[PDB]
Amino acid sequence: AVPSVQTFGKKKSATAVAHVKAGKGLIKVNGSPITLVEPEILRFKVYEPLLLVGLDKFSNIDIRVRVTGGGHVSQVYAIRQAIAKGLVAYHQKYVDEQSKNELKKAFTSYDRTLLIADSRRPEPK
Amino acid sequence: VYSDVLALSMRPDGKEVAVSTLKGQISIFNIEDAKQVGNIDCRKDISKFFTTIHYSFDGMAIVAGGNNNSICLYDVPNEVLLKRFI
Amino acid sequence: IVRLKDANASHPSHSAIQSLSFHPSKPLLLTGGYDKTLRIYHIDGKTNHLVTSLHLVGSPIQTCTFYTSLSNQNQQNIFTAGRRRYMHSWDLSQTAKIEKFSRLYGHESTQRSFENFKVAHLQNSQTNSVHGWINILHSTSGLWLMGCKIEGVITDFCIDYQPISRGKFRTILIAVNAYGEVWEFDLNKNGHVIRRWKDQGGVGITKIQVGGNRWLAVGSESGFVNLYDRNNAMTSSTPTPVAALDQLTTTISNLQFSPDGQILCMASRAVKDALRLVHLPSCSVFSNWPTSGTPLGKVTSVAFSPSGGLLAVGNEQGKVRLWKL
Amino acid sequence: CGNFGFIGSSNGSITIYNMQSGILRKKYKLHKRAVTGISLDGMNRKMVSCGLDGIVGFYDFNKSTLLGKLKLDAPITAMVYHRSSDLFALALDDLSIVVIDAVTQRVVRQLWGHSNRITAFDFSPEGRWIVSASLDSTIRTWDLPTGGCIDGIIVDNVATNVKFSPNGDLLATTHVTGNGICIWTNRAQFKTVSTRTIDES
Numbered sequence: 003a004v005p006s007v008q009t010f011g012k013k014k015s016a017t018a019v020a021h022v023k024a025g026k027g028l029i030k031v032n033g034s035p036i037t038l039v040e041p042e043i044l045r046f047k048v049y050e051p052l053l054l055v056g057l058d059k060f061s062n063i064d065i066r067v068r069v070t071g072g073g074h075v076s077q078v079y080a081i082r083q084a085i086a087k088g089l090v091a092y093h094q095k096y097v098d099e100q101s102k103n104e105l106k107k108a109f110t111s112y113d114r115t116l117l118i119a120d121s122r123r124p125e126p127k
Numbered sequence: 514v515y516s517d518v519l520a521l522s523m524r525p526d527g528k529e530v531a532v533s534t535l536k537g538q539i540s541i542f543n544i545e546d547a548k549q550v551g552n553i554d555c556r557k558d559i577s578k579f580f581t582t583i584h585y586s587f588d589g590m591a592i593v594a595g596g597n598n599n600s601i602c603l604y605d606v607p608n609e610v611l612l613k614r615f616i
Numbered sequence: 235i236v237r238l239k240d241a242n243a244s245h246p247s248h249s250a251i252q253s254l255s256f257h258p259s260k261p262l263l264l265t266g267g268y269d270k271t272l273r274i275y276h277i278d279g280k281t282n283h284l285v286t287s288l289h290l291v292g293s294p295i296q297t298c299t300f301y302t303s304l305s306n307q308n309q310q311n312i313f314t315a316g317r318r319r320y321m322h323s324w325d326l327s335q336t337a338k339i340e341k342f343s344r345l346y347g348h349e350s351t352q353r354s355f356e357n358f359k360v361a362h363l364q365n366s367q368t369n370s371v372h382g383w384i385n386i387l388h389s390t391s392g393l394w395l396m397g398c399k400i401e402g403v404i405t406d407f408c409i410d411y412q413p414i415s416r417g418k419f420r421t422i423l424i425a426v427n428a429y430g431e432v433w434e435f436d437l438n439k440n441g442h443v444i445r446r447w448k449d450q451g452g453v454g455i456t457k458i459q460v461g462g479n480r481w482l483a484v485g486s487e488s489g490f491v492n493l494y495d496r497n498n499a500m501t502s503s504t505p506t507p508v509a510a511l512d513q514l515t516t517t518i519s520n521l522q523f524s525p526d527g528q529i530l531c532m533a534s535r536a537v538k539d540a541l542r543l544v545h546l547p548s549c550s551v552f553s554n555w556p557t558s559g560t561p562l563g564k565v566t567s568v569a570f571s572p573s574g575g576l577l578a579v580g581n582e583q584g585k586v587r588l589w590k591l
Numbered sequence: 471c472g473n474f475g476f477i478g479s480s481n482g483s484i485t486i487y488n489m490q491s492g493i494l495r496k497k498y499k500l501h502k503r504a505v506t507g508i509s510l511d512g513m514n515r516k517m518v519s520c521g522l523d524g525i526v527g528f529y530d531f532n533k534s535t536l537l538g539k540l541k542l543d544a545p546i547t548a549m550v551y552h553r554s555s556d557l558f559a560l561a562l563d564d565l566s567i568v569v570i571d572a573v574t575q576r577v578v579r580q581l582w583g584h585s586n587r588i589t590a591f592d593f594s595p596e597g598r599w600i601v602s603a604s605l606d607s608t609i610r611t612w613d614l615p616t617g618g619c620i621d622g623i624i625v626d627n628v629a630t631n632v633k634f635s636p637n638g639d640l641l642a643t644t645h646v647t648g649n650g651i652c653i654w655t656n657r658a659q660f661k662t663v664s665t666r667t668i669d670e671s
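Protein chains in written order, with the entry's author numbering: chain SR, 3 to 127; chain BA, 514 to 559, 577 to 616; chain BD, 235 to 327, 335 to 372, 382 to 462, 479 to 591; chain BE, 471 to 671.
Hints should not be assumed to be uniformly reliable.
Said to hold, decoys possible - With a straight-line Cα cutoff of 27 angstroms, these simulated DSSO-like cross-link-like pairs (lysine-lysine) come out: (1) SR:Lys-95 x BA:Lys-613; (2) SR:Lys-107 x BE:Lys-533; (3) BD:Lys-564 x BD:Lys-590; (4) BE:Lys-496 x BE:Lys-533; (5) SR:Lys-47 x BA:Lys-548; (6) BE:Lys-533 x SR:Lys-106; (7) BD:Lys-590 x BD:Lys-260; (8) BE:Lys-496 x SR:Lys-23; (9) SR:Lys-95 x BE:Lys-502; (10) BE:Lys-497 x SR:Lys-102; (11) SR:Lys-59 x BE:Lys-533; (12) SR:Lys-102 x BA:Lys-536; (13) BA:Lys-536 x SR:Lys-107; (14) BE:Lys-502 x SR:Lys-107; (15) SR:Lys-102 x BA:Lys-557; (16) SR:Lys-107 x BE:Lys-496; (17) BA:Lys-548 x SR:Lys-14; (18) SR:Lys-102 x BA:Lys-548.
Unchecked claim - Chain BE is nowhere near these chain BD residues, computed Cβ spacing over 10 angstroms in every case: (19) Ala-243; (20) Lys-359; (21) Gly-402; (22) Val-403; (23) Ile-404; (24) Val-426; (25) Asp-512; (26) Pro-547.
It should be emphasised that the hints constitute simulated quantities derived from the structure, not laboratory data.
Don't be surprised by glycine CBs; every beta carbon is placed ideally from N, CA and C.
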C-alpha cells in the first residue's frame, strides 16, 4: 500500500474527485497533463497551485483527477480547488502541521475561494 | 469554510474577529474575511474543546479556553504566549 | 641531506607508541610497548640491535616517561607506570629492583592509575595531575613532600606538561586541557600564582611543547599553526601571533621544539605521508625534507634528541625512524 | 514548542530539523569556525548564534534572511539565553561576560573581575542575577540593575555546572570531585542587601 489521500472539488455543478497518491509527480486530468487544457487562457488559473507556495513540492507524490459535469469554465474551477485541498491533505496526515500552516497562509492570502466551494442562498432585505 | 462554531470573539474596533473551529484549531480573520492564524488542537491528556475565547482589551492578545483543564494564551501574530495548566 | 637506512624494529601487530625519548650522552632509543615491553636499542642510523628489554610479571604497563635528565640518575634509573596504584624503578646499576611507589597518603586511589606524571629537574620534586591539583613529591624518598592546589573545573587528566626552559624555579606551566588554559605557577613558593592567561582550546587540544622563553608555537586541529611569544602572555590575556600559517590541509597531531627553541616539528595521523618542519625565527618551511614523497605513515609520536639533530618518528605500524637534521 | 532542533557543527553549519519526523528542514553556513552556542526567542522569531571567529549571528526564523551580525574582541565559548526577557549572556575568551539585548541587536552589558575562565553561568528566572562558576574557585552572583559583582562564593571543590531552577528556589551545581550534585538555596524570604566583593582567600 502506498501513502495516498482522496478529496474532491466542487463548482456550481462540477464534480472533480482527486487521487493524491505517492510517486514522482504525474499530474493528469482524465488522461491528460495540464498544458493541453483549452480554455488555454484559464490554464494560468490552474497553474496557480504550482505557484503560490513554490514550484517543486511534488517529487514524492502523484496526482490524478477526473471531472463529471459542469461547463468549461466550471470544470477548471472545480479541479484547482481540489488540487490545493488535495495537496494539504497529504500534509494533514504525513507531513508536519506547521508546513501545512505555511501552505494555507500562502493560499488564504491570495484566496479566490481555493479552499471553499460556492453556495448561493438569496434573501430579500 | 469549515467548522460549526460555538465560540466567537470580536475586536472593539469592528475589524478583527476570532472563531473557534469544530476542533482545537483557533482561526482569526479580518472584516474582509482573510484568515490570519489557525491554532493547533488541544493537547493535555489527564476529546477536543474550543468552548470559550476572548479578544484582549489592549488588542494585542487573545485567550483561549476549552475544558481540558488548562488555559491558552496567544498574541496577534501566530505564536503562543503561555499555556497555564490547572 | 643524508637519507639514512630504513628502520627494522616493528611490533608484530599494528600498535601505538607509549613514549619516545633519548639517552643524553649516547645514541640509544628507549621504547615502551603496551604488552609490558620495556626495551631499549642502540641507534646510529645503521644500528637497531636490542641492548636490553624488561618484562616484569605481576605488573602491567600503561604509560612511559623517561626518568629525570639531571640529578645523577639519568643513566641508571627509569620509573615506569602501569594500571596499578604504584610505579616501578629500573636500575642500570642491571639490578632492576622494584621500588613500590604506592606511598602517597590518602590520595593514591583517586586517579585512574599512574597514567601521567612529570618529574622535575633535580628529582626533589615530582608533579602529578588529577582530573585536578598536583602532587609534588620525591622520586627517591617516597614521602608526599607537598602539592599545589591547582583547582581546575575542566581538568580532564591534562595530557602533557613541562618545567620550562627558563628553569622550574622560575615558573612551571599548566596546560588545562579541553580548553588549553595556561596557569603559570612558582616552585620557589607553593601557593602563589605567577599569572594565568587564555590559550585557545577552540582550536588545538593538541599536545604542546615548551620552547626557549624564546618561542611558544601551538598547533590546531586544522593545519593552522600559531607562534606565541612568552611575553605575549602579559596583559591583555588574548595572544596575537606574529605569523600564523597553513601548511597542513588536515589536523596537526604532533609538535616538537629543538633544544635551542628555533625549530618546530609537526605531523599528523589521519592521512599517510604527511609531516612538516618549520624554521625559527626565520619562519621558514624546510622544503627539501619532509614532504609526502617519503614514507611517513600515521604518526603518533615524534621526538628530538637533547642535541636535536636526530629525529624519531613513530607510526601506527611499529616503525620508528630517526633522521639527522 | 518542541518542534525544531538547532545544531551547530565544528565547521560552522547550523541546521534546523523537525523533532517529530527527524527531517532536514533548513541549513545555514555563516561561521567559518565551530559554533559554540545557538538559541532562539520564545516567540520563535529571531535566532541567535555565536562562533569562534568572533561572529554573533542574527537570523529570522520565518525567513532564511541574515538579520544582523556583531563582531566582538574575543571568541565565544557558550551561549545561555533568557527567554522571557530576550537577553543572552556570553562567556568570551577575554574573561568578560557579554549580556546582550536581542531586540536592539546591541551589546549592552559586559562583566569584569573573573581572573580565570568561566565554564558555567545561568540566568536568574527573574532576569536580575547571573551566578557564574570560574576556574579560580569563584562562584559569583552578578546583579544586573547595577552591573557589578555583589557576591563571590569561594569553594574548595569548584562547581562544573551551575543551573538555576525554573522556580526561584534551588540551584543545581555539579562539581569536580564527587559524583553527586550539590543543590544551593536562595533564601528568598527577604533581602535588601547590596554589600560587596573580595574577602577571605
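Okay, the hints, checked on the actual structure:
| no. | hint | in the structure |
| --- | --- | --- |
| 1 | SR:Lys-95 x BA:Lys-613 | holds, 26 angstroms |
| 2 | SR:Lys-107 x BE:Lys-533 | holds, 14 angstroms |
| 3 | BD:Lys-564 x BD:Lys-590 | holds, 21 angstroms |
| 4 | BE:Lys-496 x BE:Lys-533 | holds, 10 angstroms |
| 5 | SR:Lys-47 x BA:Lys-548 | holds, 22 angstroms |
| 6 | BE:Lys-533 x SR:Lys-106 | holds, 16 angstroms |
| 7 | BD:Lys-590 x BD:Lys-260 | holds, 15 angstroms |
| 8 | BE:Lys-496 x SR:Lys-23 | holds, 26 angstroms |
| 9 | SR:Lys-95 x BE:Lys-502 | violated, 39 angstroms |
| 10 | BE:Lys-497 x SR:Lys-102 | holds, 20 angstroms |
| 11 | SR:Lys-59 x BE:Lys-533 | holds, 18 angstroms |
| 12 | SR:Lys-102 x BA:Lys-536 | holds, 17 angstroms |
| 13 | BA:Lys-536 x SR:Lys-107 | holds, 19 angstroms |
| 14 | BE:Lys-502 x SR:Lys-107 | violated, 35 angstroms |
| 15 | SR:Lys-102 x BA:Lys-557 | holds, 23 angstroms |
| 16 | SR:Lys-107 x BE:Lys-496 | holds, 19 angstroms |
| 17 | BA:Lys-548 x SR:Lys-14 | holds, 24 angstroms |
| 18 | SR:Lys-102 x BA:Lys-548 | holds, 14 angstroms |
| 19 | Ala-243 | holds, 37 angstroms |
| 20 | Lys-359 | holds, 20 angstroms |
| 21 | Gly-402 | violated, 6 angstroms |
| 22 | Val-403 | violated, 4 angstroms |
| 23 | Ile-404 | violated, 6 angstroms |
| 24 | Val-426 | violated, 7 angstroms |
| 25 | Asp-512 | holds, 13 angstroms |
| 26 | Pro-547 | holds, 27 angstroms |
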